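Trainee: Listed below, chain by chain, are the residues.
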Amino acid sequence: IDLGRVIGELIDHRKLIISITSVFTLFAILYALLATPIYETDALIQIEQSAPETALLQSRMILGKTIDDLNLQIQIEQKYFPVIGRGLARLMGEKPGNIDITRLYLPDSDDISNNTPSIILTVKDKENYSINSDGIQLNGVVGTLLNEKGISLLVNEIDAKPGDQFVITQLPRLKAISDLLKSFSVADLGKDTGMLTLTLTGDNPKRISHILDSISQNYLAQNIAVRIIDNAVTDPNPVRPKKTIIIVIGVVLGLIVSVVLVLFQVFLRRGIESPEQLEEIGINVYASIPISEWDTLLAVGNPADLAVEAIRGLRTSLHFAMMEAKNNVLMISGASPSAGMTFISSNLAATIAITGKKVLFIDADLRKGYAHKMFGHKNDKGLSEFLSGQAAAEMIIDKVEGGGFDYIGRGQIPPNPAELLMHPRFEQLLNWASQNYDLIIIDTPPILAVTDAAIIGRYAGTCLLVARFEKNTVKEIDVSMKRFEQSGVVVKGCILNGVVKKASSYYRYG
Amino acid sequence: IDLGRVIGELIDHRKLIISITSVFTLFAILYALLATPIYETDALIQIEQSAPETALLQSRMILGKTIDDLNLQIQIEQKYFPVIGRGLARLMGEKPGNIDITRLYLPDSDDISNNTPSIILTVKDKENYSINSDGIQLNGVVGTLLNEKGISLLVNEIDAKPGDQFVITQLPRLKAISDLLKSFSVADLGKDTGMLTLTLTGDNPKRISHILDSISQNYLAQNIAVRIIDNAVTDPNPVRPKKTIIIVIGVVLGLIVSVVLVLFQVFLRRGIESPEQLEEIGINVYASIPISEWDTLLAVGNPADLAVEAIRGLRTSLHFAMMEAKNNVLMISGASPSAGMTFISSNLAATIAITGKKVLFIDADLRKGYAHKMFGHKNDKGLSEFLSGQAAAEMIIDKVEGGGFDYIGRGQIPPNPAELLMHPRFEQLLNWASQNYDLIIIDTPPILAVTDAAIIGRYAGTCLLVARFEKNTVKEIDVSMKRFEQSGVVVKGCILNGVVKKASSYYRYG
Amino acid sequence: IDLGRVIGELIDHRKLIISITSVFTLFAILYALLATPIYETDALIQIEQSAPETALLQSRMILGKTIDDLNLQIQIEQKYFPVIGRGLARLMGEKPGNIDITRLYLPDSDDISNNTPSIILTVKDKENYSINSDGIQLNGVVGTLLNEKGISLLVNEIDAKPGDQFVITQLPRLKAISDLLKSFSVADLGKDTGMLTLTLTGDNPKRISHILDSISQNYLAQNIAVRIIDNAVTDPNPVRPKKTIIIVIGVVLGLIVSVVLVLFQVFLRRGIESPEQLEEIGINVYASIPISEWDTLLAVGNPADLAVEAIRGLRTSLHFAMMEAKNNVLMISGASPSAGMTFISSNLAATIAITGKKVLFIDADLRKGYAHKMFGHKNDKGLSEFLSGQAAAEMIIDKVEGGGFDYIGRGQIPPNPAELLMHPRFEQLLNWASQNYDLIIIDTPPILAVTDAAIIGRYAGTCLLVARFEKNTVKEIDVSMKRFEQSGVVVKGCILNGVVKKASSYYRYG
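Residue numbers (the entry's author numbering), protein chains in the order written: chain H, 17 to 64, 85 to 261, 409 to 477, 494 to 709; chain G, 17 to 64, 85 to 261, 409 to 477, 494 to 709; chain A, 17 to 64, 85 to 261, 409 to 477, 494 to 709.
Derived from the structure by calculation, the hints contain no laboratory data. Where a beta carbon is used, it is the ideal one built from N, C-alpha and C, also for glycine. Some hints here could point you the wrong way.
[Said to hold, decoys possible] Now the stretches of chain A that chain H is said to cover, found in silico as 3 or more residues with beta-carbon under 8 angstroms:
| # | segment |
| --- | --- |
| 1 | 95–108 |
| 2 | 616–629 |
| 3 | 682–693 |
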């Protein structure tokens, strides 16, 4: 978790980190390029206090007069069915539509919820056009006033592009004041000077300057019953969205979520990470088999594979460690199903067979052993058919043609695995084989699941646990070795398995 | 209690956590959707100080005149018998009722407690109607004034919906002023400017604007004997309830009570939680039997059950641990009643019997032993009938047909259990059985209750305590082993029992 | 990492440090000498408050009048195709071009994006000239007004130098105000005094004084409908760029990036740095061979080389350490490929051969051994052809003519290296050679890659690891020695190799 570990794991996770940071920055870029620009216009008003005037300009007396003058309760919006149609239309350089209605009158439905009745205008050409309110499309012309079904609408100088849609809202006068007041702002910048820096912000730049001029002139005429130094002009540079600030916030947010998520995943996993985690508990790791990219045995399929090199390292370390053992029986038990126990056992048997010693591979996993499904098999007369007494030692032994070693499958699943393994025929078999073979690899179920491994390991000189690299935890290995000790079985050490090529010391040589 | 433990237990308790948080958020949602909306109207008053004026507007001179003008001491409320009828009626979109009374006069009961006499109006149609005060329903019509029994009520423009009920309260003028003053508010926003931002809040939006206009105009006319810039208009967005703030508070409160309650339950329980709690005290846990979902023996009913796999693990660990013991008698004692002692003893006997050794199961719980109620029994001539000398060793031994092992029940409850067990016939029985059987499992009462276990364990080579997973505490096990030591009995170890499948290492295999 | 280490490594890295600091300071110098100078002019205005006046001077009423007077919306720039052409032109002492246009009128394209239509003027002589807008070059003369294609341009007193290019921009009046306002500044310096210290900054010094005089006089005439104490004069010393501040910032930035980068590289490397790093772990370093600057053996090519002196030191230390060893076989294994293992083994063999003892050099790296590619070879009948049984001990031994020692190459690459080395012929060979030779140096692959070294080291009395100086890490050496221990091989110590002459204690003597 230290800085060195941090940088190593971040480079290991660099794909995820850059992916999520880049996707957030892409969202930031698309938003900052599609967010409608907001322009700001400013005016300067001169008086000879000004504390009241901040509150008279923003009063519904002054603003409401501007709505009554510019007809700001008639709202016009170019229709884009997507949420980003307007932005993309601007990006393509398309001129945005605009029309002028000097007199609009909806049927005054003005319901409690839909107090803002909405109609859609369909432009057909530069002169004639139609409106769809709820289906009845009334064709009209600029100039002449259409008065049908309570629709009194007079549009003039309609825009050029045909086929466009304009949503029209006759929103209430109070709303048309409140939104203006929200977009409007006053300040003093002298704290006693007559200087008032009126600011109004909106999307339509030519419209906001007109609105602010109207506000200033209405305030002037009202105060007559004050000097407008310079009328309102719009700054051509939009003030929102702030493109630079958005993007850097996108980057910082992407990196911060990346860091929190990578630390979350680091504190998520609990499996083994290195042989030294087991060796701290006092467990001799005899090999760290790296994960092989690759039905035949890997030891005879691709003998030059790194996993087979690690298994040969295991063969030599076992050959040293298994001398002085009471007999030549080696019991390999996986710390869990899906620990790679039969992989390791079968290939270790093959690599010891090519050496030239006689190897017997007993699959004493009577519960879900499948070595017969992987070596090519005579399924009749396996191990369970022998412990049940209905077979002899010779009809159960086979020959793996590839690996070059003898093999005893489980046979049929018995209903009483543990009760079968306790039968004295099993020690008979082992005593016979240990005379007629050089090494016997017995392959047993876990010990955290059943007790079979602890029955078999009574007659085995060497017992080894197999742990998958990041699947099994240290707790499982420790509990398994303690449970083996309770039953009088000494687990010599562990075979850590399926270690990633990032963490394996093995590399291709030759 | 660490963060890892915290998250693990919260996911374990996620059902309760999400249930209570969701129910609080549901209460918050129903409240925020049923709480009557409160609208706010604002007006702006201009003067040329204003410190006194904050206190003249809110004076009973100005307000009381508005009550006298708008008849605000006549209260009208649509009747909803539930506490949430009004909210649900609004939610269904129903128009809320309202009527107008320009002249109301109750009989002026005006008692000390009920100084606000209440009557209920029953609307029958758009023109005629009736009132029930205390039973006498007087039928009346809008327009004409009904004057009966001191009821002078003139209602006009009664609402549309028939059959509704309106509770009418002629609350006192002082109350009609005090509530208005509570809902009314003034400020200055310039600290010297003539700007007064009058605000009045209420549920009826069209009514509060009228009230605030009346207040402003009364203040104007009074000050004549000041300028109203813009009259009162109501903001259509209700200011209360604050729906968003309520919901987030509901979520935060649900989570905080969830955390405090889960920590409370964590600090509530004191039972055993893991074998390592016992192993810290120096107690050898020989098995952790997981809780079986499942009258016959589980070892013969469902031999593939996980609990029977754990008992076979116990069988092998005992077989190793019981060699070198002075005799083949195993004494199993529960740390408490309801520790699963007879479950474990019976199934361990069955699993050792299927192996092929001769097992005698003695139920030396002479107080409330019920193995005979569970194996199928000849209740005559049990253990107590033998210690009393009125039976021989042969008429007391039985055969469990399922388990395949011999069995000795307690027989009849004696009046002197401990005094019976001390009789030298019991050691005679054990010395005989230990010659004619391979394993003898004696099943004894607790030691924190009686002394029988410490009498029996004098003749037992191996003694084992059985602790239920979260029922028995570590204190009970420690006190039991110390009390066994005082009596010269060595408790070899413990059998932790009924461990939950969340905490058991056993899993199904095959 | 301590101050002594810091200074030592900085002097070691002084080339990089001074290189990067000098390149940043060179960039700073070129920028500070090419950044266009910015002059500042100041004026003093006297009034009898002045808080409003700070905001009237900077108002678009006053500034816009100055643009309308001096035609500041007509922008003129001498064209330099590089980004630094203007700076270099000034540095060469060239007079900068300038022309005067009293009336300019572009075709008023004024598009949404290109609202600032740009044209380029091509001066041909002191009187006549031409303009290229988008290709159509219209020839014109100073004085007379050319009016073609909507181009109304009247330039007069055009500059001297022919062939120059002037980019002309009729930028909008609002932009011509906003840039001026950005460059303009007012202050009071008395906080109540009428003193206003107007400051205007720009590149053209004669132009900014004229602009500030125009601003002051326009403000004066406006306030008539205030006293200009001293008109605007430009300080001849440019105020930007601040040459001294830039250079010192360049130096400080260069040194700070140098420090952070050298510390980054220090915390980057993880290889061995000294023999004491290995000796801390308990590893006997027997030699530290320094890196030799130099196909024949270095021990016979340049016997006076420092690396050969270090190998003779290794020869004596080995001679002492290898007495009492079980046999005269020395196994040298590199901790990694590219550790210099065959370099060290071959030269140690040569230096022991010149002494006069019989040396056999066995190249038991059957995977990628190349001693035969370096001694001159008969490639037939190597080691692998002997273990396969298809050669005898005599046809595999050779004579290195230079080194003076016998030699056994690997031969052909076998498909089963480890399986070959396990054949009992290898111990036959060693037992024979250890009788017919004084020292046998067996050269083996790594142990972190294959298991061959641990097979060979079973029959070797002394085993030595070879670590490259900064390539191999301490972790590799420790893991290699532990993996050798697992297989029953005792690694006597290490030979640290390729140590830099900065860190080697060896020096030329004689």
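Trainee: Are there hints from earlier that the structure breaks, and if so, what are their numbers?
Mentor: The structure conflicts with no hint, since it agrees with every one listed earlier.
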